[PDB]
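Just the one chain here, laid out as structure tokens, in the form deposited without the named molecule.
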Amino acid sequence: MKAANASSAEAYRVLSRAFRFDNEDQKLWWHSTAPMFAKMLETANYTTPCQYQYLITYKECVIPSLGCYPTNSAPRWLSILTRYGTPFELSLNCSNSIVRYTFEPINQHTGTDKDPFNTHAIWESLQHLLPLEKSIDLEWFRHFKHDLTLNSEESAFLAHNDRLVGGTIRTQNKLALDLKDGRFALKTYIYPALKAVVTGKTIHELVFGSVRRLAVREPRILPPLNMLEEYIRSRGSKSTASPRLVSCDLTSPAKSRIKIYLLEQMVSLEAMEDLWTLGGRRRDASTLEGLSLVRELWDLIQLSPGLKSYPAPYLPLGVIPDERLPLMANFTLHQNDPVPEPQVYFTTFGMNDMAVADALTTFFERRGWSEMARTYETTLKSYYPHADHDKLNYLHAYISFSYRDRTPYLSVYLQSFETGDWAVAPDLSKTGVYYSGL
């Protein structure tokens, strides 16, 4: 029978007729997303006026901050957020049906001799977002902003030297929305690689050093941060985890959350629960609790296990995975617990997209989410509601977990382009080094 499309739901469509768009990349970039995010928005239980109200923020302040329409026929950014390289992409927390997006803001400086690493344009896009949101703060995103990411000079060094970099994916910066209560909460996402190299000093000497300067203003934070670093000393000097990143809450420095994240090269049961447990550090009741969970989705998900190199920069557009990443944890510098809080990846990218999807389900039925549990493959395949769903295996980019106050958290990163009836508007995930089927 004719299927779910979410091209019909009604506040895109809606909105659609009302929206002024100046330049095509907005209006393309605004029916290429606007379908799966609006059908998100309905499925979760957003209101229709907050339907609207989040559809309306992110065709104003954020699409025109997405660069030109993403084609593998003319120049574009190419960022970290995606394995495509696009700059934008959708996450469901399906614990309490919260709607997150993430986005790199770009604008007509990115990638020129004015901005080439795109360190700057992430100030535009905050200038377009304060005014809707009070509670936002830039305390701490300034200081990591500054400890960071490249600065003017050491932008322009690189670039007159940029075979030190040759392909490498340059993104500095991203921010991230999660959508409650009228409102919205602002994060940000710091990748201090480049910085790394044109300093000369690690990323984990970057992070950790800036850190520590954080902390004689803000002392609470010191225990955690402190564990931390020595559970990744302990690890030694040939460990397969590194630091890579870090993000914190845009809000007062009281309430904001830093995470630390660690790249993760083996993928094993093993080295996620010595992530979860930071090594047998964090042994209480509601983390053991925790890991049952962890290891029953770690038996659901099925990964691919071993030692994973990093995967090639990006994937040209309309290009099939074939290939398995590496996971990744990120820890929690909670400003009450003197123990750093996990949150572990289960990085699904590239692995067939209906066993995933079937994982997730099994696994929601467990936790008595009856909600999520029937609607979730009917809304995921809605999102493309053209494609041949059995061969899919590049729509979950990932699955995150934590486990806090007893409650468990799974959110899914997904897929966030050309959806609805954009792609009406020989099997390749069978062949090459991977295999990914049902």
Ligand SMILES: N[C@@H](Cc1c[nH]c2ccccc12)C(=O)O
The other form holds:
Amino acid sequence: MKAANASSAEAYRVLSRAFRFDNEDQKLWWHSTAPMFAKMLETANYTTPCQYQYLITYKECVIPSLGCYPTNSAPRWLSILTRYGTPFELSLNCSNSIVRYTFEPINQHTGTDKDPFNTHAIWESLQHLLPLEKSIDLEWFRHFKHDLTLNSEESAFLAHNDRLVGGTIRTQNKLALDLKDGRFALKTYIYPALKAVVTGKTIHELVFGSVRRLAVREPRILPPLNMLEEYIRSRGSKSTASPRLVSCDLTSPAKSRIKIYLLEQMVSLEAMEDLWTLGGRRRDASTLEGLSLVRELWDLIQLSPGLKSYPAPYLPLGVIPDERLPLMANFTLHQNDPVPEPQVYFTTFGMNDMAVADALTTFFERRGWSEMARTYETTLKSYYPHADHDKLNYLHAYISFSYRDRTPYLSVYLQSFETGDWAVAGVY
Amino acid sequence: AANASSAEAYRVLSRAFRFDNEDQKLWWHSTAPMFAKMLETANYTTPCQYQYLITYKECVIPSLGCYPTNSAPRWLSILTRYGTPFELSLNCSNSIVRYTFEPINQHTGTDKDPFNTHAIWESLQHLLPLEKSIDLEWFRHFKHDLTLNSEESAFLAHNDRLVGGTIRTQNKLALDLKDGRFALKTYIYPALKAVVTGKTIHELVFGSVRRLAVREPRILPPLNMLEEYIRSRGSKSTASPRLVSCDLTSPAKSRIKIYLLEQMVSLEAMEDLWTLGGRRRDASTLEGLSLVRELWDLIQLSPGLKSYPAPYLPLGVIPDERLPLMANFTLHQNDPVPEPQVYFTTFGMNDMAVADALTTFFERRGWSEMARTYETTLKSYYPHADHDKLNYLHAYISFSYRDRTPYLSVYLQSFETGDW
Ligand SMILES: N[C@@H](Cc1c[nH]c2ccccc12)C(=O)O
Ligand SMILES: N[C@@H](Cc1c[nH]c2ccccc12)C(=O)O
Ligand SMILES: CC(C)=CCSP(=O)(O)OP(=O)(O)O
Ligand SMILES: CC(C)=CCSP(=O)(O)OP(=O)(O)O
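Could you output the structure for the form deposited with the named molecule bound, given that the previous block was the form deposited without the named molecule?
Starting with the chain above, the whole complex follows.
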């Protein structure tokens, strides 16, 4: 019985017939990622015009910022975005059927001596996106980018001394788009790790210092920021959780979230709960309903528990993972709520994909997400229709969970590379 | 322009050798150019070069498992950060080439031997007839006490939640190649023993040496001192027992070396290991301490507490990590004080910088040849590498100060060398 194949997605096929590509890399990027992208839009019930709209913006504004087509045979920028270092990833917000994607902007100067840590390329991507969406605001972006990524002089200093960082993934910042309502919302992610190296500060001081400075002009972010920092400090100097990155929405400050992400090396339900409740600071009924769903997801997904080291910096393409990763959580500073809001990440990368898709579909059924439950596995398989589906262990990078307005919110972050007809065209 | 693949013994043996599978052939071409070039530059005689390379090819290569690639199942050895089961070291102070490997056979990693506790017996069987001075008395003792038996293996295999991402290596062998003969050593990793028995690695190792000391009372004093030193570091010590080695030679000639992993990478940490927390303060200890400090100053290890790294790295992935220090303490039967050897763990550091540090140290000791040829030879092992960007060749530099002689070895990535 012939099976569904994302390369048959009509919007993918039509756009392929329409599009001008002026280099090979972009063309490869399009054919590598668009089948899954178009198929995901379709199955998430985006109207046909919206499928076209989003795939065109992606092709015209984003693909030219994904650098050369990734192979193991030629140099490429390795992005912190995925374990394979590819600078593009789709996520399906399953609870709302919203498609999002994240990319790390890369341009000609990325990784050359003019931008050895890729701290400049993001401006050029913003330049292409800004005219498309009136609501895009860069005020907070500029602030965090200035405080938390390498400037030019820090870059040249670290490039000369790059013995200090060896094989460190260099990503400074990434952008993501939430696709909704014929519009998009823009988000950024900023990785202060190398900024920490060069300033001799810790990522925590950088992140919290920058947010405090911002709270001078935006006092409403201060109360959740204070609670967050008190929670972190309370975990002590041997905490298994450490600040890793910060995100904010690129819209007006009044509407923008700041999200502070902790890497949590202890994979256990207890560690997850502690993050969820900020060590028992959140005891409200809403938190507790959310908590029952965290526990349910924990029990379905069956992550391998225990302390997890940092993984190998990246996996070459084609390499089957043999690893399990730290959890993650972010804490959102809402301006209308004094208590930071958590979102937790079940880091499934390396786990059996069909098992994980089964855990997901069970969770979907239980939530009454009838259609999600019905279509999820079939659709997932269609993204990689030539794979040995039962042996895949690298599609599901993360499952997110938060509980917003008494509403379960879940996204899956999926390997997004060499999809559809591409493939034909020990210790765990 | 030097290239290890031009090494004559490697070229000539490559014309001579029968290989019965691809894996052994790949292993030979992957490792032999560096191994032959290393023997050449360490001034081994032509006959020794051939002799060591042949025994290596015939007795050892068939025990290295499938050729390591990222795209097929292989045994992941603790021996290297890439899980490859072969590594050459050069004892720079004596020009002695040594190598370590983890025996692997057909049953390794299967339900007949899921933790690779049996393969070693087969490798020993191949080596024994070549070296009369091999003795297994202490080896049998330690392996018995410190590695999984068949029963514990099946239990652990059925309960591998208890293992998780842990590298499973039970035991390794090393050959010191001197004077047309070789001395055999073993390294025994009691980590999984500890899981199944409920013992700490400390209890296992010290318990095992104490049971041995019944038959060999002379090892007891340095063992008591080592243990008193370790106990003195308390339950939150950043140093803990990791492995044990002994020579596979007659007990009267055999050293037992107990290894501590030291997560605190600092000069202070290294000095404390060197002097066993101030218990060693004789002139010879202090002379050695000077050299330790000088090495410290030259090598410039990234200081601070180092976490356990990823269990292993995929081949081809350059590291971004810095690792704990190591030290071993030797129990000599004629000396009541355990003798330390410390390890500067350079893995992940810029290799040319480390090579420059080493060259300077060689100069200062007047190892004038060592200093002249080291960088050149090192480059010739990986002649197509972007040498200045390499940060994974030097795994470790060892140092001890033996009968008032500086003793130094470098442990080097030994994989895909020469014209690979
Ligand atoms: N790979 C990222 C985590 C991540 C996965 N998907 C993402 C999408 C957007 C931002 C971050 C992510 C990290 O290690 O930190
Ligand atoms: N890889 C070993 C240390 C080591 C490096 N080279 C060696 C050679 C022989 C024995 C041990 C080693 C460990 O992690 O414990
Ligand atoms: C998967 C990880 C670690 C980060 C991305 S979180 P995100 O911005 O996608 O979160 P939301 O869009 O707010 O759900
Ligand atoms: C490099 C590490 C951690 C261990 C091996 S020590 P070794 O047996 O090679 O030391 P010697 O041969 O006694 O100098």
